[PDB]
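Only one chain is given next, in structure tokens, and it is the form deposited without adenosine-2'-5'-diphosphate.
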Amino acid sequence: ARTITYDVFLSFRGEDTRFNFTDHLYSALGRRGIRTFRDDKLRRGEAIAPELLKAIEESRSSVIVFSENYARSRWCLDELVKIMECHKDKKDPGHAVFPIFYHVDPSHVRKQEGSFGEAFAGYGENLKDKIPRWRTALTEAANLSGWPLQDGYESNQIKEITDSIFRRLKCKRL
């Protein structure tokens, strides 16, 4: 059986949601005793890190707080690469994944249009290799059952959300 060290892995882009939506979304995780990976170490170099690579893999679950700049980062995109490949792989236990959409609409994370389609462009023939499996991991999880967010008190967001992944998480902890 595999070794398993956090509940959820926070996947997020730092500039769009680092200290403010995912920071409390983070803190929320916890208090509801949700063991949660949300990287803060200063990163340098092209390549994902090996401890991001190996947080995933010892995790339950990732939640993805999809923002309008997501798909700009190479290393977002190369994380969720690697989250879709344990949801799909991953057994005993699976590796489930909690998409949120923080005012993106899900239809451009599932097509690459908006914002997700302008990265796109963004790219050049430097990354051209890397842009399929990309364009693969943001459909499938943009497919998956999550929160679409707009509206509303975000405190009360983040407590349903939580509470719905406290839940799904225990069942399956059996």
Second form
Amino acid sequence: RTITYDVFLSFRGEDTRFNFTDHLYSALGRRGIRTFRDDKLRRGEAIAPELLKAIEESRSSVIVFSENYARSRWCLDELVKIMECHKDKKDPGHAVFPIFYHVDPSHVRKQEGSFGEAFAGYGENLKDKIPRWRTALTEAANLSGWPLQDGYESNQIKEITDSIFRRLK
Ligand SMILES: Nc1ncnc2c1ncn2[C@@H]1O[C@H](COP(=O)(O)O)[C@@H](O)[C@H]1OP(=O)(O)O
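May I ask for the structure of the form solved in complex with adenosine-2'-5'-diphosphate now, the form deposited without adenosine-2'-5'-diphosphate having been displayed?
Below, the chain from earlier opens the complete complex, with every other chain and molecule after it.
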């Protein structure tokens, strides 16, 4: 099985592109963890084939759940693909590491709060994806990860990246 990246970074750009996810990306690189972090402007109807391919060629995914993650149908389609690989891929598997960035993990797990609010903005053309999206969020939120709240963020990122390093080896 081809492996190009150690980590695929899933995130909601409008929330975290310039700040937390950028600092996390550079911290992973400083540990020699080959990371895919999209910085292209995406305006296609569907998920870009470059992204689907990067997920398939990653040893793991890190998910930066943030307040508006579920308001993007592209983030949710990304998550479904990640959780599909988590179930199917082998030699090696595809590990998943969720970060709950200033969001309650149970809100992700149960689609409450802003994660429940998000689904009201999806019309009937997405009706068939909504059950898969909910399933992927619940599965992801049950995996062991890191709830982040207010506190010194450089030390938060240091502990996360140290933990990913030890779990990949
Ligand atoms: N084709 C697309 N692919 C991925 N994300 C998109 C796409 N179109 C819109 N988005 C996301 O939805 C937001 C609102 O778009 P618009 O105002 O044009 O309706 C964009 O800033 C972007 O959020 P993000 O940058 O967090 O990925």
